[PDB]
Amino acid sequence: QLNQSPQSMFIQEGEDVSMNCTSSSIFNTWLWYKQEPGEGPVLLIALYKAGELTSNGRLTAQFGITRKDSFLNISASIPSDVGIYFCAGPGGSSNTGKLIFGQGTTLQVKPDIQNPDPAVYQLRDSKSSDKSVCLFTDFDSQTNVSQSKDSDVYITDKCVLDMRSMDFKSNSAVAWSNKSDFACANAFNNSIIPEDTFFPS
Amino acid sequence: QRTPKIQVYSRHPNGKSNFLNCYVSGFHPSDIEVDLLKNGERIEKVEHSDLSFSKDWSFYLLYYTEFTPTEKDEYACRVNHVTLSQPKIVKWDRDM
Amino acid sequence: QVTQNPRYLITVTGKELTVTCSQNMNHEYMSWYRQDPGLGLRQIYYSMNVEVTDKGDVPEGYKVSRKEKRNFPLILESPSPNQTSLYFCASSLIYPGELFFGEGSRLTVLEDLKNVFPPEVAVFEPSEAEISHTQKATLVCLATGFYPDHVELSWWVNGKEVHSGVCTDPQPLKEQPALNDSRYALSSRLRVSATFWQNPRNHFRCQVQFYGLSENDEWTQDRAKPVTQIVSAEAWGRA
Amino acid sequence: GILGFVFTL
Amino acid sequence: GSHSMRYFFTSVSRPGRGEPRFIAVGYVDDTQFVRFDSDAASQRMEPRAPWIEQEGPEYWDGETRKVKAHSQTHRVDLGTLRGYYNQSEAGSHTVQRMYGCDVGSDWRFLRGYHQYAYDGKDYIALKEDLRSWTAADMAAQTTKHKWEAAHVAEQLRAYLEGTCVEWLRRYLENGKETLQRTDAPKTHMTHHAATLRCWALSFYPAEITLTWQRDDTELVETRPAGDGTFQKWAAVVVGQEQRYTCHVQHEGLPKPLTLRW
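Residue numbers (the deposited numbering), protein chains in the order written: chain G, 3 to 203; chain J, 2 to 14, 17 to 99; chain H, 3 to 241; chain K, 1 to 9; chain I, 1 to 193, 199 to 220, 227 to 249, 252 to 274.
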């Protein structure tokens with residue numbers, strides 16, 4: 003086994019970030035990989051001797067002189083770097099051709115929102131039937147969304163979107179319902195949300 | 002392209020349990036037909052050593068019998084190699 | 003590039019599978035991995051160069067072979083629900099080296115296909131409220147009842163893909179409670195210009211691709227057959 | 001006690 | 001004393017039919033204990049020393065599966081080199097591999113070896129240090145990079161000073177009587193035809214040096236007996254015959270024997 007920490011981490015646009023491997027066996031080669039969902043693992047940095055490796059980065063990868071654990075920092079966080087990060091150490095003292103990968107820490111990066119004027123709007127279907135949705139969007143990055151707690155309902159978790167033409171950001175979260183009929187001006191009251199403009203029809 | 006020197010001898014130092024031996028070294032390429040001849044023609048039954056690289060990268064093999072000395076009989080060992088010009092054989096003097 | 007055959011499919015307990023991955027060029031050391039949310043990547047079987055059979059950590063339910071370089075197959079004599087994962091076939095010339103992973107082949111093994119159901123899709127037209135308080139547009143397309151997670155959603159502006167101002171939920175959120183045995187769900191949002199919406203002349207099609215069975219498998223219930231299929235839904239602007 | 005792996009010239 | 005472990009190989013092209021043969025025997029301070037030959041009828045690892053025997057069954061095949069993969073590699077090597085050579089492929093070419101490690105009377109790692117050869121002359125090797133290799137020519141030379149861009153060379157470091165030595169005392173510990181005692185050579189001297202040589206008898210291990218001196228000398232490569240002991244003699248030319258003295262010393266002996274008579 004090759005360990006790794008933290009479980010999963012949630013920093014903001016701007017902040018620093020620090021992860022680490024720790025093995026049981028002695029490795030002389032330490033490799034950090036990263037995969038964004040849906041694709042293969044991709045090599046980021048490789049380490050061969052004790053001492054540091056600045057390259058590519060931005061980044062900085064360390065070889066613990068224990069030869070038994072390594073570190074990876076990232077300075078000035080950018081949402082473009084979201085992904086599953088790994089440490090590969092081709093053992094090794096194992097006397098095998100194994101290529102041991104870790105647990106893998108999932109990074110996710112909340113960017114700020116320049117002017118979050120939050121609210122909940124209502125939208126109806128192309129099938130033109132009485133099944134509804136009420137979007138919740140344009141709210142501060144800190145804001146989290148709970149889930150009902152109501153049998154019928156299913157509450158989406160957050161989202162981030164970007165129309166690059168205006169450099170405009172938007173957090174987004176949705177939750178639908180039909181049976182029984184149930185308004186959107188009370189489907190989100192469980193979760194904690196600053197004051198909004200739920201406009202009466 | 003180096004061809005082996007041969008030397009013949011015994012295990013222990017008039018008949019008794021004593022095995023004759025042939026030992027080749029300083030040759031290459033490797034494979035080589037080392038025979039054991041007695042009277043004047045090969046005896047049947049020897050076992051064999053296994054091939055091994057060297058310092059100089061010059062291999063070395065040892066063959067052996069289980070024999071009992073006689074004095075009317077001297078037995079010598081046919082050896083031939085890709086390097087070699089003769090099936091050169093070296094007659095066994097008990098003092099070597 | 004290493005090609006992974008096939009990219010996504012389903013089967014039943016007892017019927018064997020063969021997932022071949024291509025190779026170029028004349029690399030020698032390739033392995034197959036397994037991943038799922040939780041433990042993350044692990045290694046199953048690997049073989050340096052040709053005809054070198056080596057086990058590794060998670061074997062059982064698997065076996066493998068390779069007598070020449072170009073191809074490398076991982077076969078399974080008894081698919082059981084344990085092996086429902088997401089398999090990767092990475093590649094490099096010698097041990098060790100940086101690996102060249104593949105696209106991402108995922109096999110999903112089921113006890114019974116009674117529960118193979120396709121996605122049902124409807125689009126939901128943007129409120130005027132949104133346009134009145136912010137001057138922007140957000141369309142929301144969905145998928146109500148499908149199983150398992152074998153889907154990929156997109157959006158299509160004036161007949162062609164777009165990506166500017168579009169988001170999707172990175173995980174198929176379940177509905178019903180019993181864990182790990184039931185129809186998932188998934189949503190997205192396409193966000194564009196306020197004026198863009200009001201135009202009654204553009205395409206807004208939510209096209210969704212469901213992978214599934216193929217007609218080399220028999221059908222029980224006289225309900226239609228799930229298979230592979232696209233389920234699209236489309237809407238138009240209104241000033 | 002030998003090399004558990006092998007490389008190609 | 002100073003102990004060690006090694007594993008010798010030899011793979012050879014045979015175009016005609018042929019026989020791309022592969023022997024595999026290892027040595028613990030010049031003691032046989034292993035065996036892997038293709039032309040044989042076992043296709044496994046056979047015991048040769050009465051102390052290899054103990055390890056379990058999956059040790060043995062824990063070891064056949066490898067010399068297996070050692071073998072199949074030199075299939076490529078033998079058929080890779082010629083790419084340099086643009087040679088005939090109706091010629092029987094030879095490749096030998098050599099990797100190992102030693103340990104002082106400390107029982108802790110000391111030095112480490114790893115060299116290939118072809119034609120019986122040096123091909124590629126690994127220096128004292130495990131950063132870097134030895135280039136002989138431009139052919140042996142190319143190899144280096146993929147041992148220098150893939151880093152495969154780099155690891156051996158984990159295994160040699162790490163995996164290898166613990167194997168050695170896995171061996172030595174239960175190898176105690178037939179691996180680590182000092183056999184004292186017995187000596188005699190003779191005269192004929199005059200010529201004088203003083204013989205050394207039944208001694209382990211391999212390395213000894215005997216010599217003579219001041220009041227044109229023939230001697231011989233060490234000879235193996237088969238008892239795990241060894242041989243040597245020193246033909247030196249001398252009538253009056255008190256002459257020179259034989260200088261015989263090796264670890265077995267308290268200190269160098271002198272006997273002119």
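Treat the hints as calculated values from the structure; they're not laboratory data. Backbone N, C-alpha and C fix where the C-beta goes; we use that ideal spot for every residue, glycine too. Just so you know, not all the hints are guaranteed correct.
[Unchecked claim] Derived EDC-like pairs: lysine to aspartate or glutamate, alpha-carbon spacing no greater than 20 Å straight-line:
{"no.": "1", "chain 1": "G", "residue 1": "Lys36", "chain 2": "G", "residue 2": "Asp18"}
{"no.": "2", "chain 1": "H", "residue 1": "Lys69", "chain 2": "I", "residue 2": "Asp77"}
{"no.": "3", "chain 1": "J", "residue 1": "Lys94", "chain 2": "I", "residue 2": "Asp77"}
{"no.": "4", "chain 1": "H", "residue 1": "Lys57", "chain 2": "H", "residue 2": "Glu79"}
{"no.": "5", "chain 1": "G", "residue 1": "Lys112", "chain 2": "G", "residue 2": "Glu15"}
{"no.": "6", "chain 1": "H", "residue 1": "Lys57", "chain 2": "I", "residue 2": "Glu166"}
{"no.": "7", "chain 1": "H", "residue 1": "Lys71", "chain 2": "H", "residue 2": "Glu53"}
{"no.": "8", "chain 1": "G", "residue 1": "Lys129", "chain 2": "H", "residue 2": "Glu100"}
{"no.": "9", "chain 1": "G", "residue 1": "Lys133", "chain 2": "H", "residue 2": "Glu18"}
{"no.": "10", "chain 1": "H", "residue 1": "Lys176", "chain 2": "H", "residue 2": "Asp151"}
{"no.": "11", "chain 1": "J", "residue 1": "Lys19", "chain 2": "I", "residue 2": "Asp238"}
{"no.": "12", "chain 1": "J", "residue 1": "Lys6", "chain 2": "I", "residue 2": "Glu229"}
{"no.": "13", "chain 1": "I", "residue 1": "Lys144", "chain 2": "H", "residue 2": "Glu100"}
{"no.": "14", "chain 1": "G", "residue 1": "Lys36", "chain 2": "H", "residue 2": "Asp219"}
{"no.": "15", "chain 1": "H", "residue 1": "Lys57", "chain 2": "I", "residue 2": "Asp61"}
{"no.": "16", "chain 1": "J", "residue 1": "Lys94", "chain 2": "I", "residue 2": "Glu229"}
{"no.": "17", "chain 1": "J", "residue 1": "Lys6", "chain 2": "I", "residue 2": "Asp119"}
{"no.": "18", "chain 1": "H", "residue 1": "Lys65", "chain 2": "H", "residue 2": "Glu130"}
{"no.": "19", "chain 1": "J", "residue 1": "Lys75", "chain 2": "J", "residue 2": "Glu44"}
{"no.": "20", "chain 1": "J", "residue 1": "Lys58", "chain 2": "I", "residue 2": "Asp29"}
{"no.": "21", "chain 1": "H", "residue 1": "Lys65", "chain 2": "I", "residue 2": "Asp61"}
{"no.": "22", "chain 1": "G", "residue 1": "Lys133", "chain 2": "G", "residue 2": "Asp169"}
{"no.": "23", "chain 1": "H", "residue 1": "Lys17", "chain 2": "H", "residue 2": "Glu113"}
{"no.": "24", "chain 1": "G", "residue 1": "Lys171", "chain 2": "G", "residue 2": "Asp159"}
{"no.": "25", "chain 1": "J", "residue 1": "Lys58", "chain 2": "I", "residue 2": "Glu232"}
{"no.": "26", "chain 1": "J", "residue 1": "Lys58", "chain 2": "I", "residue 2": "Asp61"}
{"no.": "27", "chain 1": "H", "residue 1": "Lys69", "chain 2": "H", "residue 2": "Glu53"}
{"no.": "28", "chain 1": "G", "residue 1": "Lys112", "chain 2": "G", "residue 2": "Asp183"}
{"no.": "29", "chain 1": "G", "residue 1": "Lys51", "chain 2": "I", "residue 2": "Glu154"}
{"no.": "30", "chain 1": "J", "residue 1": "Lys58", "chain 2": "I", "residue 2": "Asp30"}
{"no.": "31", "chain 1": "I", "residue 1": "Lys127", "chain 2": "J", "residue 2": "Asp59"}
{"no.": "32", "chain 1": "I", "residue 1": "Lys121", "chain 2": "J", "residue 2": "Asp59"}
{"no.": "33", "chain 1": "J", "residue 1": "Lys75", "chain 2": "J", "residue 2": "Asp34"}
[Stated by the list, open to error] Calculated from the model, a selection of chain G residues having no Cβ within reach of chain I, i.e. all distances over 10 Å:
{"no.": "34", "residue": "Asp119"}
{"no.": "35", "residue": "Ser153"}
{"no.": "36", "residue": "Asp198"}
field: Given pair status - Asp77(I), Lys94(J), alpha carbons within 20 Å
entry: With Cα atoms ~41 Å apart, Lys94(J) and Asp77(I) exceed 20 Å; violated.
- request: Would you check the hint for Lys133(G) and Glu18(H), treating anything up to 20 Å between C-alpha atoms as holding?
  value: violated (43 Å)
- prompt: If you draw a straight line from the CA of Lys58(J) to the CA of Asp61(I), is it 20 Å or shorter?
  reply: Answer violated: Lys58(J) to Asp61(I) is near 30 Å, above 20 Å.
Holds or violated: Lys129(G) to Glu100(H), with C-alpha atoms at most 20 Å apart: Status violated; Cα separation ~51 Å.
query: If you draw a straight line from the CA of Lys75(J) to the CA of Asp34(J), is it 20 Å or shorter?
result: violated (33 Å)
message: Next pair to validate is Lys112(G) with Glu15(G); report whether the Cα-Cα distance is within 20 Å.
response: holds (6 Å)
query: Is the straight-line distance between the alpha-carbon of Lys36(G) and that of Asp219(H) 20 Å or less?
result: Since the Cα atoms of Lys36(G) and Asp219(H) sit roughly 38 Å apart, the hinted pair is violated (cutoff 20 Å).
field: Holds or violated: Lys57(H) to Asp61(I), with C-alpha atoms at most 20 Å apart
entry: Distance of about 14 Å is within 20 Å: holds.
task: Sort out whether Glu130(H) lies within 20 Å of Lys65(H), counting only the CA atoms.
output: With a Cα-Cα distance of about 59 Å, the restraint between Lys65(H) and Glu130(H) is violated, given a limit of 20 Å.
message: Would the hint linking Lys69(H) and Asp77(I) be met if the CA-CA limit is 20 Å?
response: holds (17 Å)
task: Starting from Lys133(G), check that the Cα of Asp169(G) is at most 20 Å away, please.
output: Not OK: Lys133(G) and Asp169(G) at ~33 Å, beyond 20 Å, violated.
message: So if I understand the rule, the pair passes when the alpha-carbon distance is 20 Å or less; does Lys6(J) with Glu229(I) pass?
response: It holds: about 14 Å lies between the C-alpha atoms, which stays within 20 Å.
Of the numbered hints stated above, those contradicted by the structure are hints 3, 6, 8, 9, 14, 18, 22, 26, 28 and 33, listed in ascending order.
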